[PDB]
Amino acid sequence: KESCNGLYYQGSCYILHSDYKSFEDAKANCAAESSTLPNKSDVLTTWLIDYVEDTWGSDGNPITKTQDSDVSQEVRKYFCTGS
Amino acid sequence: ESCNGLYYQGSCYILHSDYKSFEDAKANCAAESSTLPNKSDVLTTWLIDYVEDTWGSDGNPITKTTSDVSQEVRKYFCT
Amino acid sequence: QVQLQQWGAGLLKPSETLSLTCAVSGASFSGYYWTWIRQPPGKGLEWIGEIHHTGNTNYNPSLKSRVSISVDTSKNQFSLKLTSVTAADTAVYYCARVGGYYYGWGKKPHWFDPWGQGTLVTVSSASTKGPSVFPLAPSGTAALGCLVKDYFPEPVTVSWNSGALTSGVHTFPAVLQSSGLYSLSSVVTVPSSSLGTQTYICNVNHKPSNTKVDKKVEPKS
Amino acid sequence: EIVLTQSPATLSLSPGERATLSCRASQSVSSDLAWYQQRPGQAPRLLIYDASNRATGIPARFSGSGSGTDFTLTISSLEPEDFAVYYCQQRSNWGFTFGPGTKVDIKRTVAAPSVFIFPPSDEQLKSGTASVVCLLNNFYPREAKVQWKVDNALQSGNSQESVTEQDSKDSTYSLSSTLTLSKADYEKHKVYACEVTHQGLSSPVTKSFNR
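Protein chains in written order, with the authors' numbering: chain G, 97 to 162, 167 to 183; chain I, 98 to 164, 170 to 181; chain H, 1 to 82, 82A to 82C, 83 to 100, 100A to 100I, 101 to 127, 134 to 215; chain L, 1 to 211.
None of these hints come from the bench; they were simulated from the model.
Misleading hints may appear alongside valid ones.
[Unchecked claim] Derived DSS-like pairs: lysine-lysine, alpha-carbon spacing no greater than 30 Å straight-line: (1) H:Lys214 - L:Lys183; (2) H:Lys43 - H:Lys81; (3) H:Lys100E - G:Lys161; (4) H:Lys209 - L:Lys183; (5) L:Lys183 - H:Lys210; (6) H:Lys43 - L:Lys126; (7) L:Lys126 - H:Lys117; (8) G:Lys117 - I:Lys177.
[As the list claims (entries may be wrong)] So the derived label-pair ranges between C-beta atoms look like this: (9) H:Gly157 - G:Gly156: 56 to 62 Å; (10) H:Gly157 - L:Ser28: 56 to 62 Å; (11) L:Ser7 - H:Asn204: 45 to 51 Å; (12) I:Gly107 - G:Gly107: 18 to 24 Å; (13) H:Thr73 - I:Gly156: 26 to 32 Å; (14) L:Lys149 - H:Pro185: 29 to 35 Å; (15) L:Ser156 - H:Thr73: 46 to 52 Å; (16) L:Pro8 - H:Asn204: 45 to 51 Å; (17) L:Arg39 - H:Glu148: 17 to 23 Å; (18) H:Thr135 - L:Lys107: 24 to 30 Å; (19) L:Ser114 - H:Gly157: 22 to 28 Å; (20) L:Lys207 - H:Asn155: 23 to 29 Å.
Beta carbons: idealized from backbone N, C-alpha and C, even for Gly.
In isolation and in its complexed conformation, chain G is listed as follows:
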């Protein structure tokens, strides 16, 4: 019933893009696939935190369980969640 090739938690299917991109490029790439970056609050207290940690979140910062984050020149992996 589910074609989700990734992490499925509550109707949301997260598909990993293992290419390192900036935050804007990752957001645009998910948008081009009719998807968005994971919400930090949606995955922080779930088992997904072991996967989506240190990847781009929808809020503009890497999803962390917690110095001077300079995260405008950084490149990370990302997940896209959509329908």
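Given chain G, work out where chains I, H and L should sit, using these hints.
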């Protein structure tokens, strides 16, 4: 519904983000009535984007293709 | 903004051990792999090894016999040891960061950003020595110059006629001879007419040995 | 081990032109390839990773393409700041290798080298060592072969070369080769020749002297 991880054809892989040696990771999966991923079972699947560079059942890191692993510590999956 | 800084012995006798240390600020030290890359002067780049905060190390197979990389997580530092240093190990050594945050699962980062300023390590058993300056006498335009041979360390500044001769002057980069001493050539092209009239003197200055030489070059008979 | 090769060794282009550098691999590296720009006396600076993605703050005139065994770096319009050496990089098995590198020069007319030969001076010859200096002055392109011939026998392993940076005014090169030998071996021969092979020369030019 109860798979807290990656589900590929009846197999549910759960990620352990703690760094352990091959023996410790194998023992931890055994303590959970599980085994390390088979390299051939996940090499030609979409799971390779997740389980790459983690411990495999053969004693070596699961790497795409390729061909001292005794003091290394890596993450691992139990199924 | 990640910043790297290197220090270490820039002069080693053969068979000694190379020791360099790289310090990191402005980034998550326990979140990337950290590498050492050496470039022999005038040649291409060669990757030496890498290390992670967990103690995992990967070494270039051509250097695994004598390469050891250590990590000091409490100081955000990591060191490099190269035993049995040969003359081939003369190179500029950079410490760098693997620019992809190492997650521990999935595809592995494959690029280097940022790079360190670099530390030159010169392999020679030679001590500080003054340069021996010999004349390259001239044989249309004529050519003449001065051979600044058998000096250590770098650099040497060569001028012509106390800086009054700049046109046509080529001071070549020094080469490290097999004896461990540097050699340099400084040449200048002048009109054949001026050979009989103008006096040409090359001024070689070597600050490390405090040697100032004024050698006059005169035409061949 | 995977070997990276870069062609050409030197690209000659005027400012504003489009530079296309290629990098080939012995076997497939997928998209795990990177490009670097190194200016004289500086550390390499990353330009493109994943063979396609520009680094942070790298100008948009730099583009990357290719996957598997063929990759190309493209600069649509060359700036004066872009005339440097470009290195190819890859990661495979358990290791990182680099390509030989490609230097982008300033295009000019082919200039033949001015060849001069200097026998060792008497001051040095007394010290038991003889250094014969051969000079190639104001030539282009930078590719030039210098061969020492002592009594028509090709020398090997007893000479060192030094090449200047491309000149500010006429964009030419200069080379100096020092043949260092012992006094005894110098006196065991008479004819000492420096042979220069260059694009700008119709035939290999030889400058000889007798001891």
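Consistency of the hints with the structure:
For the suggested pair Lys214 (chain H) and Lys183 (chain L), the alpha carbons sit about 21 Å apart, so the restraint of at most 30 Å is met. The suggested pairing of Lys43 (chain H) with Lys81 (chain H) holds, with an alpha-carbon distance near 22 Å, which does not exceed 30 Å. A hinted pair counts as satisfied when its Cα atoms are at most 30 Å apart, and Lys100E (chain H) with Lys161 (chain G) qualifies at roughly 22 Å. Taking the CA atoms of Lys209 (chain H) and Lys183 (chain L), the gap is about 23 Å. The hint holds against a cut of 30 Å.
As the CA atoms of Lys183 (chain L) and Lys210 (chain H) are separated by approximately 24 Å, the hinted pair is consistent with the 30 Å bound. Simply put, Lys43 (chain H) and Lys126 (chain L) have alpha-carbon atoms about 35 Å apart, too far for the 30 Å limit, and the pair is violated. This hinted pair checks out: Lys126 (chain L) and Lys117 (chain H) have alpha carbons roughly 19 Å apart, not beyond 30 Å. Distance restraint check for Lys117 (chain G) and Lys177 (chain I): the Cα-Cα separation of roughly 23 Å lies within the 30 Å cut-off, and the hinted pair is therefore satisfied.
Checked against the hint of 56 to 62 Å, the C-beta distance between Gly157 (chain H) and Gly156 (chain G) comes to roughly 58 Å, which is consistent with it. Separation of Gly157 (chain H) from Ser28 (chain L) is about 57 Å and conforms to the stated range, judged on CB atoms against 56 to 62 Å. Separation of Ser7 (chain L) from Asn204 (chain H) is about 48 Å and conforms to the stated range, judged on CB atoms against 45 to 51 Å. Between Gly107 (chain I) and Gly107 (chain G), the C-beta spacing of about 22 Å keeps the proposed range 18 to 24 Å intact.
Distance hint for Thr73 (chain H) and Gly156 (chain I): a CB-CB separation of about 27 Å, consistent with the stated range 26 to 32 Å. Taking the beta carbon of each, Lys149 (chain L) and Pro185 (chain H) are about 31 Å apart, inside 29 to 35 Å as hinted. Distance hint check for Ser156 (chain L) and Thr73 (chain H): the Cβ-Cβ separation is about 50 Å, which falls inside the suggested range of 46 to 52 Å. Between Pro8 (chain L) and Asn204 (chain H), the C-beta spacing of about 46 Å keeps the proposed range 45 to 51 Å intact.
Look at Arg39 (chain L) against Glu148 (chain H): about 20 Å separates their beta carbons, and that is inside 17 to 23 Å. Range check, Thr135 (chain H) to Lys107 (chain L): about 25 Å between beta-carbon atoms, so the 24 to 30 Å window is met. For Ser114 (chain L) and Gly157 (chain H), the Cβ-Cβ distance of about 24 Å falls inside the hinted range of 22 to 28 Å, so the restraint holds. Checked against the given bound of 23 to 29 Å, the beta carbons of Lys207 (chain L) and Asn155 (chain H), roughly 27 Å apart, stay inside it.
Violated hint for the displayed structure: number 6, the only one.
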